[PDB]
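This document starts with one chain, in the form deposited without this ligand, laid out as structure tokens.
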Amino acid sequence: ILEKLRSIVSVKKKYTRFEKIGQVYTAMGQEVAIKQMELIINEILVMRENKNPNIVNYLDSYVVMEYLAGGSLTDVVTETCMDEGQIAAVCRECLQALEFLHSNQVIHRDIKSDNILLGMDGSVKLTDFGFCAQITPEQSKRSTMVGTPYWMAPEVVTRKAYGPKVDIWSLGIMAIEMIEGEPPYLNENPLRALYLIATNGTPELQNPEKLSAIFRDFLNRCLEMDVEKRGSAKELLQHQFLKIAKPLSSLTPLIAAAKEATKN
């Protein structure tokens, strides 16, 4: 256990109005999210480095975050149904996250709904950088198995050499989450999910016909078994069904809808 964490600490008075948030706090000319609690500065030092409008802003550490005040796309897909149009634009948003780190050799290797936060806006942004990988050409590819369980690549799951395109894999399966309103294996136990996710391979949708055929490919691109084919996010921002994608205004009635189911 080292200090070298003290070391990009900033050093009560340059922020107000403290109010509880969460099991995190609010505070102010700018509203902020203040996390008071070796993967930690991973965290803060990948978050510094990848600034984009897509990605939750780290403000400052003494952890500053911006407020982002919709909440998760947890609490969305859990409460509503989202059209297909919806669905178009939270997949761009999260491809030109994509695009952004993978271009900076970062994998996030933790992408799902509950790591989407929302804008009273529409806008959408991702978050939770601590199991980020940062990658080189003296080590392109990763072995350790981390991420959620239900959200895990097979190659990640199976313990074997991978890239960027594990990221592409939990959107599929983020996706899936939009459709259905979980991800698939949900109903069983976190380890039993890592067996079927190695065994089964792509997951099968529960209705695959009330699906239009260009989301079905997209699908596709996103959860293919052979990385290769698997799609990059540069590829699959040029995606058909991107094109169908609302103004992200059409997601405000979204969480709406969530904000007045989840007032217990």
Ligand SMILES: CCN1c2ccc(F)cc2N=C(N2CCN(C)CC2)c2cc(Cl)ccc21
Contents of the next structure:
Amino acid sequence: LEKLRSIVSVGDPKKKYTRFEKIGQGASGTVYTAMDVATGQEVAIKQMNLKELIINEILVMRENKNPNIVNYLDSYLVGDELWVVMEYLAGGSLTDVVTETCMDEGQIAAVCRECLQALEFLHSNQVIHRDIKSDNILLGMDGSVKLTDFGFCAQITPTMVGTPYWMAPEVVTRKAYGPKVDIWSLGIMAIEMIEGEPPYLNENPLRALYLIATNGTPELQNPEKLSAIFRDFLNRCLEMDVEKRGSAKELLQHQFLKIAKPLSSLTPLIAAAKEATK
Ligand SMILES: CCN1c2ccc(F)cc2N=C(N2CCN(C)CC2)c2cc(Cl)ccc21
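Okay, that one was the form deposited without this ligand. Can I see the form solved in complex with this ligand too?
Every component of the complex follows; first up is the chain already shown.
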């Protein structure tokens, strides 16, 4: 308990941050967006009701930073609650983009490369995300990409966790968590970028679990519309055999990512997808 108090930041976050807006809530905690009073920068704040495992989870994010994730900024202990302050991007989510606009292969390759760089970083720190999906991809107006975990699924490698439509078959059937489940989920997110939705989204989420466990590798609606290079990338993300499925490091070398357009190419999609607060 004393070590946890020594690692956390000094101060009252109720005074250091303002304009709190709840953006998510679950069994594990609550997510807010807030304004850093001193810097004028918009941040994201997780509030979790609480110990040596918490110490390790805090230390790994305080000591390790990467441009493609929302980075740890501070943490506070308020009674029995731990508050973790992190970066935030206000342009929108990849969900907004795929539901409202149509991305071309160059824009998909740009997003895939940024997400894989975030995954390579997390996996190199023995962290598995377990909840990769467009909802967890935040976008800046300039097209910058940051991965979030607003469903509280990520953890340092030590129950069924994740969002059913994006879950790997080995997670559904035997909870075999490992870095490759994030690669599968990235392949499902690439299908969102092509088709607007993950496979089976018209079904209820529990029925989706049975379809994933039985079908395995999902099929595309119109595969002939895609380049052979993009089809190969998707095959490597969605391999049934975990050993054959690409790692984030291996997929960063894929020819598909070599057609990536600059991130600035995303700005018109982000602007069109954005629904202004009335
Ligand atoms: C807020 C930062 N953060 C994170 C961002 C973004 C993301 F999607 C997952 C993250 N989770 C990280 N870990 C550790 C913390 N515990 C609670 C969850 C798993 C993490 C790891 C590392 Cl090496 C660096 C940053 C991380």
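For the two forms, the rigid core is made up of the largest set of C-alpha atoms that agree within 1.5 Å on superposition. Positions refer to the first chain, counted from 1.
- Of the residues listed here (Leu211, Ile55, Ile44, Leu196), only one shifts its CA by 2 angstroms or more between these two forms after fitting on the rigid core, and it is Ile44.
- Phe100: CA moves less than 2 Å between these two forms after rigid-core fitting.
- Shown in the overlay between these two forms, fitted on the rigid core, is a CA shift at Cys132 of 2 Å or greater.
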